[PDB]
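Work the whole structure out from these sequences, hints included.
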Amino acid sequence: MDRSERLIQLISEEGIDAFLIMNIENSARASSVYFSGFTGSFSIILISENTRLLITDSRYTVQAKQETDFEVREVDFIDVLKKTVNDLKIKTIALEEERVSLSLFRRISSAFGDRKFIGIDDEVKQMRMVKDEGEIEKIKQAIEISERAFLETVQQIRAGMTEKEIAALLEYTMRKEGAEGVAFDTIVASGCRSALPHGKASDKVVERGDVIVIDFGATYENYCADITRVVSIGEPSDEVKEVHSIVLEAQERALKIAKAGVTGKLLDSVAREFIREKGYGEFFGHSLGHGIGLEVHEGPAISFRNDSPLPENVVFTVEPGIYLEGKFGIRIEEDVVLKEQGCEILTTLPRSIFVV
Amino acid sequence: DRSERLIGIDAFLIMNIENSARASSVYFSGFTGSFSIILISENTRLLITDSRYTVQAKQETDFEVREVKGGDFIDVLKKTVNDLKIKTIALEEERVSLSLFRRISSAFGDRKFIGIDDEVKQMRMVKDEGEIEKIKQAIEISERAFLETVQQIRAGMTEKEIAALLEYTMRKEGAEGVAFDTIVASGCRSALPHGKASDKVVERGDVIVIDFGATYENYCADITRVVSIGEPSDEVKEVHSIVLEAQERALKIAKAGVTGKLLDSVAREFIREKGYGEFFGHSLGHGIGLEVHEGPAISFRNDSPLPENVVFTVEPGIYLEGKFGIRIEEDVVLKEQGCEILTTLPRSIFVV
Ligand SMILES: [Cl-]
Ligand SMILES: [Cl-]
Ligand SMILES: [Cl-]
Ligand SMILES: [Cl-]
Ligand code: NA
Ligand code: NA
Ligand code: NA
Ligand SMILES: [Zn+2]
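Those protein sequence lines, which keep their order, are chains F and B.
The first sequence runs 1 to 75, 79 to 359 under full-length UniProt numbering.
The second sequence runs 2 to 8, 15 to 359 under full-length UniProt numbering.
Please note that the accuracy of each hint is not assured.
Stated by the list, open to error - Cross-link-like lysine-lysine pairs, in silico, BS3-like; alpha carbons within 25 Å at most:
{"#": "1", "chain 1": "B", "residue 1": "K262", "chain 2": "B", "residue 2": "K342"}
{"#": "2", "chain 1": "F", "residue 1": "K330", "chain 2": "B", "residue 2": "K65"}
{"#": "3", "chain 1": "B", "residue 1": "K167", "chain 2": "B", "residue 2": "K203"}
{"#": "4", "chain 1": "B", "residue 1": "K76", "chain 2": "F", "residue 2": "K281"}
{"#": "5", "chain 1": "B", "residue 1": "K85", "chain 2": "B", "residue 2": "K65"}
{"#": "6", "chain 1": "F", "residue 1": "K207", "chain 2": "B", "residue 2": "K65"}
{"#": "7", "chain 1": "B", "residue 1": "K207", "chain 2": "F", "residue 2": "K65"}
{"#": "8", "chain 1": "B", "residue 1": "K141", "chain 2": "F", "residue 2": "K207"}
{"#": "9", "chain 1": "B", "residue 1": "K203", "chain 2": "F", "residue 2": "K65"}
{"#": "10", "chain 1": "F", "residue 1": "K179", "chain 2": "B", "residue 2": "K167"}
{"#": "11", "chain 1": "B", "residue 1": "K143", "chain 2": "F", "residue 2": "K207"}
Stated by the list, open to error - Cβ pair distances, simulated, as ranges:
{"#": "12", "chain 1": "F", "residue 1": "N50", "chain 2": "B", "residue 2": "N89", "range": "50 to 56 Å"}
{"#": "13", "chain 1": "F", "residue 1": "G212", "chain 2": "B", "residue 2": "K262", "range": "53 to 59 Å"}
{"#": "14", "chain 1": "F", "residue 1": "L91", "chain 2": "B", "residue 2": "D135", "range": "47 to 53 Å"}
{"#": "15", "chain 1": "B", "residue 1": "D82", "chain 2": "F", "residue 2": "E285", "range": "20 to 26 Å"}
Hints in this document: simulated from the structure, not taken from any laboratory.
Backbone N, C-alpha and C fix where the C-beta goes; we use that ideal spot for every residue, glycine too.
Rendered as structure tokens:
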């Protein structure tokens, strides 16, 4: 399926003839998926009234015909695309100028010298930021898959395994539960590595006593989950327990004020204020969260710098973190949907430390 | 080093945002994170990032690490270019969005920009020993996982199940990830040069082409081997023999100075003489490195003499529509008097 219909409605309202997506090496993967249903890394998509064209190479010709109801052409795509643009008398073309390189844009500009280009990045971003109930359903499914897999994987964790072996098991188990991919490189940060906010599962061997931050998420029907929980090999120290309690309380304070109209800045501020008055401000994470959907990193940004009022049905994460350099770190993350007078938490896993 | 080798341009600017310029960030600084604004000049090696990566960046690079603790990173960057009196800036304009270029243009105001994409690609095309070691490791992980996976293949499994098992095994064997989605094409689907893993069930007698590759420390492997549940037919054995002999003909003459055009031609000619010219692939190989597809292209169109230490694949194939296909792929490093084959897996059909 695809949402090309609402896109057509969008450009037609402004008299724009067509929308061009240039997905090369996944440069516009999410847009390609959202507007055509194609999940591949290469796709040149042209959408206009009564026109749905998708140009891709031999690696994806069959796939594109399976995933979309577009007219698929196999192919250097500029000359091929221009033929259609001219045959359909398309004069104005909308583009996502944040998703086209300067060099490619100059190539397109030179080839289409008699055309007018219109950046619609803001409109497309707003379109994707507010999820339909169908999308929220898919995100929830991805979360359900992720959580079931986590529960089956967590007790199998033990000293001697490498962080990558743990990540491997979790990812394969998500596939067992229905995941059709992984949303991002699973993070399994053990011991001192747990103090690194966003590293990745490494060859480091997990040791007894290790605090382990696990950030994971499956994809299902193209939508993503993003969950973070903490595991401890053996009973955690009182200090670890205390930092964990502060993180949990900070998260809950942000969740209590989340409602339509709130800004990412305000949400971030309540967690930030709570943590710093406890004396841990210098160890607080960079931002409180981010949006999710077709991607693990999309709007809205739940940070100190985002003062934009958030409308209902945006989907984002709430994940305060406290990292003590050279010692350990703690981060707990929920996925939520903003609603008119509060929010809807989609994650359900216990937030307590999983002691194994 | 690379930054020095790259060094009337005053500085080179890499703007890695949400991994938008990850390859270059990794190549020039060693940093593996998603956010890094790098400035390189004769007297400056600066990496700007935020608290998500400060400690990591200091562990991974010898660059001065600057953390943006407030405002927009563009303002810090602007402050830096002005303090350093940088007037002409080099960019990989294939790796900077139109919108981002507008933002820096307005911020720097007067600066002149020059694209150096071709020069950077030329640098990455010739690998140093450290890179080859990483590629070798990605290959070793890939091969160990392959041997463990083939012994678990069961008639009745789908191509996707085999692909998933192989990827899981690579991950547990140390892979950072996969270079590309594992391809498992069985039976008539093996005759599809680009046929991807599907729900098709693998049966006894099916030719199973498996194209896979793990990534290790950001470098990629790209291997293709053939598996068969039970002894393969005499025809499959014959076609496989021809593909292998064609591959050997190309590998035999591969050395610094040779052209991809000749390598492709010798493999193609052999296949044609054997009566399969109409079923030959389109290209003989492609380069590998921080990405699965990079220079040099081992095709009829590339007549440029290949220098020592380029790293590429040699993968001839014969595809018989409706029947089966055979492809065997090696990863090699070009040397002065020959080539170093990095892939060690036997090229014979793996009968399980
Ligand atoms: Cl409230
Ligand atoms: Cl603060
Ligand atoms: Cl509602
Ligand atoms: Cl310019
Ligand atoms: Na289960
Ligand atoms: Na509330
Ligand atoms: Na360092
Ligand atoms: Zn996260």
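Hint check results:
1. B:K262 <-> B:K342: Measuring from Cα to Cα gives roughly 6 Å; hence the hint holds.
2. F:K330 <-> B:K65: holds (17 Å)
3. B:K167 <-> B:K203: holds (9 Å)
4. B:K76 <-> F:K281: holds (21 Å)
5. B:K85 <-> B:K65: Holds. B:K85 to B:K65 sits at ~22 Å (cutoff 25 Å).
6. F:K207 <-> B:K65: holds (19 Å)
7. B:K207 <-> F:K65: holds (18 Å)
8. B:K141 <-> F:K207: Roughly 18 Å between the alpha carbons, so the hint for B:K141 and F:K207 holds.
9. B:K203 <-> F:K65: Distance ~14 Å between B:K203 and F:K65 Cα, so the pair holds.
10. F:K179 <-> B:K167: Cα-Cα ~12 Å, so holds.
11. B:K143 <-> F:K207: Measuring from Cα to Cα gives roughly 20 Å; hence the hint holds.
12. F:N50 <-> B:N89: 50 to 56 Å: Taking Cβ atoms as reference, F:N50 and B:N89 lie about 52 Å apart, which means the hint holds.
13. F:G212 <-> B:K262: 53 to 59 Å: holds (54 Å)
14. F:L91 <-> B:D135: 47 to 53 Å: Given a distance of about 50 Å, which is inside 47 to 53 Å, the answer is holds.
15. B:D82 <-> F:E285: 20 to 26 Å: At 23 Å between Cβs, range holds.
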